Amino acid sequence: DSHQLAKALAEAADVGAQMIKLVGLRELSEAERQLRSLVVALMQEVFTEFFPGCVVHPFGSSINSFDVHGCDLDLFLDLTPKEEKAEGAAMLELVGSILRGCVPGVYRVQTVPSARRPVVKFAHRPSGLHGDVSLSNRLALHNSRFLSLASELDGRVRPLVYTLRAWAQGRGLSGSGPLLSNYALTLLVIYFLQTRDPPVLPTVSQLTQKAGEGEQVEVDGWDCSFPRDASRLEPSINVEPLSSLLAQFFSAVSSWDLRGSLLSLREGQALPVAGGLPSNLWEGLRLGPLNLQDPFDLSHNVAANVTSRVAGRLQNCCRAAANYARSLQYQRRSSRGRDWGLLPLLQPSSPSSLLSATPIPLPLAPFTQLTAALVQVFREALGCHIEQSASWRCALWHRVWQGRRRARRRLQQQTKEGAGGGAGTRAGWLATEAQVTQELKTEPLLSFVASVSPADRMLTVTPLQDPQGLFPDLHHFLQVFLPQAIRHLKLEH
């Protein structure tokens, strides 16, 4: 791993072969699945001891064929609003107590009622496994089955999802909190596959239409019905190879408009968000920077947790990866020893690249006034030489991001003792901070590019010439300085 993996990928054929080999290397072995099955069997035994006629259904990463080494083992146990909430929570604590106190080998048992779908986190010591026990999630089961079915429908699915998942983990695009879940990312890949000119994957509406006799199923008021096998469904006529589809993925999701679109896997289509239409239809949908609709429960946005910074970092990293995919280093293999193809994508992100990927949130303001205020801040308030979404090239011959404290203190003392410089204000900012900058003091020391997107309005700062490698300091400083600059500039109206 991380060593054997590198040489395994570098040695084999073309890019697609690298993706497939990656799938073969990351996927669970027969022993891991056997162990998981045994643990699930034990859980089943104890839960049957407590709940006669209860079924333990593994869901999530285990049964969806997207499994990787060390992945979570998620178990669904199958057996007045706040009374219902409290009852569900009580049942949850019941199951949690059964886990914590009865079944052999399990430790680390923590009840999580506060989550969207309440769950009991558990760890099993002897097998060295961990996961979530869900009381009610019946949807995760069906959509997991939908994922495995998606893998069975076309062979390129698993390579694309595995490669893009590893890449996302590498670019810091995936995880908990503000980041994208593996499920959300998977649904994004599948959506991409649905929207290709020849479709690679069918729309979920088409699957529901096909369905089958007795294959009809309804969960929580939603239609989960799809064909159980891929044999009753015609294959894809899309001939595009793995690498081409990867590059197309990067380019596509780089060029998409995420705020103005709710991506539907059911209709295999982009539904306009603005204004109000999908939020009026399903009534439960939370709209945000990135909107990706669950194929079954349509009131649920799987990406709804994603902040503007995370979506921005996503599209930036995708544009960069698309810029790499066009290069010869990607398409063609290497003679001896050099990194090619998938390797630069899976390799860890440079701090400069990691910081330049995630943009800087700016105060709300009209695009023109915002750009004007920005270039005014760089030009006037800083020593930046600037030149002409929007973008500008900026050059700094000075250390201006650092040393402002000492200089400001010196100016404070000098002005405290006697007459200083300035223009009389009730809190003006620009000119004063410009003086603070100018009191800190022809090849450019550090040169960088600033870029603002139309929606949402955010500044992306990427390096150009950085001989001394001081760019990240500048980036942090800008993260702090620019928002308050625009903030004080908004109060001049």
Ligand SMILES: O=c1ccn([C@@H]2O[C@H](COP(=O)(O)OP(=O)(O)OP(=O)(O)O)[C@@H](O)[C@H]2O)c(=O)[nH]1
Second form
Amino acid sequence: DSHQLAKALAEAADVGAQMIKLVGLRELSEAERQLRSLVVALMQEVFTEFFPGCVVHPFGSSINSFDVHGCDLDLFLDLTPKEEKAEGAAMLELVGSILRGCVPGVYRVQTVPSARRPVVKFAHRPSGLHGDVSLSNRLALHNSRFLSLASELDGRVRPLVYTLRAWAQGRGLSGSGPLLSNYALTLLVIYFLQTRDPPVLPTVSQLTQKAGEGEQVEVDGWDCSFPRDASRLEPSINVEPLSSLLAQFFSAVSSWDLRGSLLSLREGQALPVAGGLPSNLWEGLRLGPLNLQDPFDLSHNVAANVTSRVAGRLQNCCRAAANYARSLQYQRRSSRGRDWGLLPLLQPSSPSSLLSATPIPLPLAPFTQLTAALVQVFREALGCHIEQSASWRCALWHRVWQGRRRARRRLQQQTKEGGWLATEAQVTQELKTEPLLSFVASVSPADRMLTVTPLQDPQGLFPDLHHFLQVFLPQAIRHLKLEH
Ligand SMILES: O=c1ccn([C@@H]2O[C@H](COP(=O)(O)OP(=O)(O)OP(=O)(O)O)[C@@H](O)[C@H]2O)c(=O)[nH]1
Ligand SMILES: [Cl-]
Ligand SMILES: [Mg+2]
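Could you present the same protein in the form deposited with ligand UTP bound, rather than the form deposited without ligand UTP shown above?
What follows is the whole complex; the chain from before opens it.
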């Protein structure tokens, strides 16, 4: 791993062959599936012992065809407001207590009633496996089946999703935090494939209408109905190759307006959020930096956890990857040994790149006034020579981001023996023609956030400046808000 993978991807043909090979290398082996089935069987046996006539249903990564090595094993267990909440919560503990002291081999057990989808976390020691036991999310079964079906509908889906998943992991865009879940990322890829000029994938609405007899099903008041076999459905007339579709993903999602759009897998379309139209129907829908609607539960934004920082970093990383995707290094192979194609996408992010990709949250303000405020803070209060979404190129000959404490101390001392912007500029002027550090500053219309990226950095002091700006700029903007 991390060695074999690099040389395996370097060795093979074109980018598409690399994506396919990546699928081959990351997916679970037959032994891993054997192990998983065995553990599920154990779970099934003990829970049957406690709950006669109960079924343990595997779902998620394990059955949805997007499985990779080391992925979780998710299990659904199939057997007045606060009352029902707590009844539910009590049952969970029971399940927990069964996992804790009955089924042999599982040690880490933590009940999580406080989650949106209450679950009992567990780990099985001999198999090295770990996952979730969910009392009720029945939708998960169906959306898992939907993802597997999606892979079955077109052969480009799984390579695209695998490549983009590994890439997002490498860019710090996915995980269990404010980052996108793997499910949400997959949904985003599928959404992208739905919106192509010829569509690669159909909308879930279309699937729902195709459906079939006996294939009609509703769970929690939502319609989960779709055809069970891909055989009934006509192929895609979209002829685009894998490398193309990848580049198109990067470009497209880099150019989308995320805050103004609820991306709908049902309609295969972007529903304008402002104002209130998606918010009226489907009560319970959370809107924010990134809005991505579940194919079935329509009150569910699967991206609702994503902070503005993660969304901005997402579109930035996609813009960078789109620029790389236009390069000759991407498309064509290398003669001998060089990193080409998928490899720089799958390689870790540079510290300067990782830092510059994630934007800086700024106090709310009209776009025009905000831009003017920022250029004021750069022009004066900082020694920056600046010049002309919005963007500016800035040049510094000095250490201005550091040494400010001693300088202000000395100036206030001269004030002993002897309000923002210009005052702070004093602090700048007392800190002292090839620019020491030169960088770019960008502001996107919605939501307003500043992207600072390095241009000329001889001494590698850009990150210090970036942290400094992270602290200093919201402060400056803030005081410029209160001068009105
Ligand atoms: O918002 C969500 C998230 C997850 N899920 C359901 O839970 C499952 C878990 O989705 P995950 O985001 O955990 O990804 P995954 O399991 O497919 O891959 P690993 O994280 O195991 O590497 C998904 O397959 C989906 O069915 C939802 O229904 N809604
Ligand atoms: Cl597009
Ligand atoms: Mg998982």
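We call the rigid core whatever largest set of C-alpha positions still superposes within 1.5 Å between the two forms. Residue numbers count along the first chain shown, from 1.
Subject >> Entry of 353, 216, 413, 269 that shows, once the rigid core is matched between these two forms, a C-alpha shift of 2 Å or more >> reply: After core superposition, the single residue displaced by 2 Å or more is 413.
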